[PDB]
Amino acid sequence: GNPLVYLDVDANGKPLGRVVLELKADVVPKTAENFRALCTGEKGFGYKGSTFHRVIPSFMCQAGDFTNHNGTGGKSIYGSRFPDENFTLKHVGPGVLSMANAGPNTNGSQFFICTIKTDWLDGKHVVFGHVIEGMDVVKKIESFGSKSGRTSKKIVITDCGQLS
């Protein structure tokens, strides 16, 4: 079946707990595969040690820039950027996992977890999974965001990987 992956998250160096994500490889295999491998780190790079650098309450929590840690960087397992696979899955509500981008066909490694329905992102961002467990952790992360996206605590993915 679809991969289950995890992110263990600290805030200011103390654990918040674990976010478990189902990756919809059946709908978006290339996008799911990229995220999966970045969680295990099997290509020699990935999310371990990186941050949630942009968090906006009542919107989303963004992470995945493991090269620049500021929203400008990241890379995929395929190369620096890869195409929008499809827009089949929609931003239906809290828990949606979707690719951040800088316009059409600029997926790299940055991703966001929604804390609300973000319907205006349908057809613009590739949705590729959702939160199975740990929405409480996501709400904690969300609570350390701001209007500008600037975080008030240092939010770090200390560990990540694949469960199944």
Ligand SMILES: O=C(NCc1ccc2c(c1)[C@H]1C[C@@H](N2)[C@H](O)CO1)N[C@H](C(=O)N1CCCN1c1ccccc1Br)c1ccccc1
The other form holds:
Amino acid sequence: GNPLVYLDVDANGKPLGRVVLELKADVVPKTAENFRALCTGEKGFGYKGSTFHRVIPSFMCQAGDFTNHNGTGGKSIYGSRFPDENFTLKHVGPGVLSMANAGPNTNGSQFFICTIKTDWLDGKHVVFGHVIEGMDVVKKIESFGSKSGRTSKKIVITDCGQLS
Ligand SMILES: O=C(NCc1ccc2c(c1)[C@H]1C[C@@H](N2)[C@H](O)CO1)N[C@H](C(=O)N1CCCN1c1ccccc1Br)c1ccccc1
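May I ask for the structure of the form solved in complex with this ligand now, the form solved without this ligand having been displayed?
Below, the chain from earlier opens the complete complex, with every other chain and molecule after it.
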């Protein structure tokens, strides 16, 4: 089966709700497993406590840099980086879950949730899941962003984990 995971997100201490994500282990098992483990923190590090450091309305909300907290860092459960698994899943619309990178084969822990169809990223960013529930939460996060990516409130993953 495919993992169901969750992120509980707050803005300046105040809760915004939960985002439930399906991880497509059936298509990208290595990428799904990385994200899953980072949600439970079972390796001793993960997304808990880290921020949505970059939010661009009508594009995406980006998170996952739990080492540098500014978009330069993050790491995977396999090491500092791992290859692009495949590009089978596409950026088809809002709610798509996909990996940030710094060029080919530089996946770590940073990721983003699309708020529109970002199909110009097809073949360059590995899509590995989608929002099952809580798109309204994602819209709340989005509303605190700006075209520059800076947020007007600190958007934090207070908790995360696995539902099944
Ligand atoms: O934020 C990053 N890169 C930082 C990063 C990402 C991953 C890792 C590391 C560092 C570290 C640690 C580990 N992994 C490896 O060791 C490598 O070094 N990349 C942007 C991006 O991916 N997207 C997707 C959603 C936002 N974004 C985006 C795309 C197109 C247009 C505008 C934007 Br805005 C970008 C920005 C601009 C162009 C291309 C990519």
